[PDB]
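Peer 1: Residues per chain, in single letters:
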Amino acid sequence: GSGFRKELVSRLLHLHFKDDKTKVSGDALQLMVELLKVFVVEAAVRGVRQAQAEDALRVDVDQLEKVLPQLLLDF
Amino acid sequence: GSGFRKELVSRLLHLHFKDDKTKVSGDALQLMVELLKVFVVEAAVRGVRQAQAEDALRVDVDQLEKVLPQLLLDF
Amino acid sequence: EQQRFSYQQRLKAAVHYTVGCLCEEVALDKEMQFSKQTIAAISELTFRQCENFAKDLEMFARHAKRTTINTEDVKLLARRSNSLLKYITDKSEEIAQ
Amino acid sequence: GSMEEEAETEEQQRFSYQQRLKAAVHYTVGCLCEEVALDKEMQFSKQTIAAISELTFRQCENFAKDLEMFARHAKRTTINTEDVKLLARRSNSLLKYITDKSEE
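Chains B, D, C and A are the protein sequences, given in the same order. Each residue of the first sequence is one higher than the one before, counting from 7 in PDB author numbering. Each residue of the second sequence is one higher than the one before, counting from 7 in PDB author numbering. Each residue of the third sequence is one higher than the one before, counting from 9 in PDB author numbering. Each residue of the fourth sequence is one higher than the one before, counting from -1 in PDB author numbering.
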């Protein structure tokens, strides 16, 4: 399946570090590539379950908003 | 004004520590007193803002329940 | 004489009392009253949140190879919001006085 | 070639870089959502995918700040797998998954 490129994740993390000396080990970077994936898939699948619980025909932003609060509390 | 007693906060914490050796410094304890007050004030203030948005007479538990996910995200 | 109320019962009642006084201050300041049931729910929330605070503080101390929790651990609890972090980083200094 | 003209050009460069980062996140989010949609036979709106992509971009901000703070807590300037395990500490589910992948 698909996934985030290491170099994109690195750039996303570095966009936000307060300190220029902060670095990320190679293993830690690979783990964050997997973590971001699981975050996205969790959001999508939870959105699917909500839309189904509402007898809806597609996942709309209105279903996604109901799942986001527990999603962010888990992550 | 009002505040939590340090002795009480010590007891609350010690109920949940996974390890029997875990101790808390005297300054850390005093700072936890302030943090717990901030948590309660934040809950109350968010509950008031939600009761105002819904044109209520008071903060009722249904209003409080709506702000809890976002409160918990901040703590 | 025998103790009448059990240990966590007495701790929840002491939390309830303080939460009540805090909510009384917010109600005067913000000009809006709280139901009794709201105040009880905030007190139960507060009691429950100490489990999460406690367990984080202990993992955070352990991350720094410590068994004694210090003010650095506590500051990490307030990290998500800059306003909370600055407010708790402040109060930390006032205690030092 | 005034200071205010230079500041404007630098802001434009920061802005377009952020936008390119957001685009690249949106791309991959679209790919993951397409795999979910086929697997679950449930369609996603274009607005839902955009919302997930903006959420993933924001979540990176909180992941990065936490990681840096956890490393520094341990007096390290290099973020390691133990800092990443601390991100997942509230969810036993997530922690086991991350701990699994770390044994590789």
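Hints listed in this document are in silico derivations from the structure and should not be mistaken for laboratory results. Hints are not guaranteed to be accurate.
[To be verified] Below 20 Å or equal to it, Euclidean Cα-Cα: the simulated EDC-like pairs (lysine to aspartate or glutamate) are:
#	chain 1	residue 1	chain 2	residue 2
1	A	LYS94	B	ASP26
2	A	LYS44	B	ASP26
3	C	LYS83	D	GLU48
4	C	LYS38	D	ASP68
5	D	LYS24	A	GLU59
6	C	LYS63	A	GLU52
7	B	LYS29	A	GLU59
8	A	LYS63	B	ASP61
9	B	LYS43	A	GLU8
10	B	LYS29	A	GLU32
11	A	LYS73	B	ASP26
12	C	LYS38	D	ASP26
13	C	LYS63	A	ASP64
14	C	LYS73	D	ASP26
15	B	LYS43	A	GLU4
16	A	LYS73	C	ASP37
17	B	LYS72	B	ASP61
18	A	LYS63	B	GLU13
19	B	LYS72	A	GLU52
20	A	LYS38	B	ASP33
21	B	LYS12	A	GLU101
22	C	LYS94	A	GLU80
23	B	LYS43	A	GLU101
Peer 1: If any of the earlier hints don't hold here, list their numbers in rising order.
Peer 2: 1, 2, 5, 6, 8, 9, 10, 12, 15, 16, 20, 22
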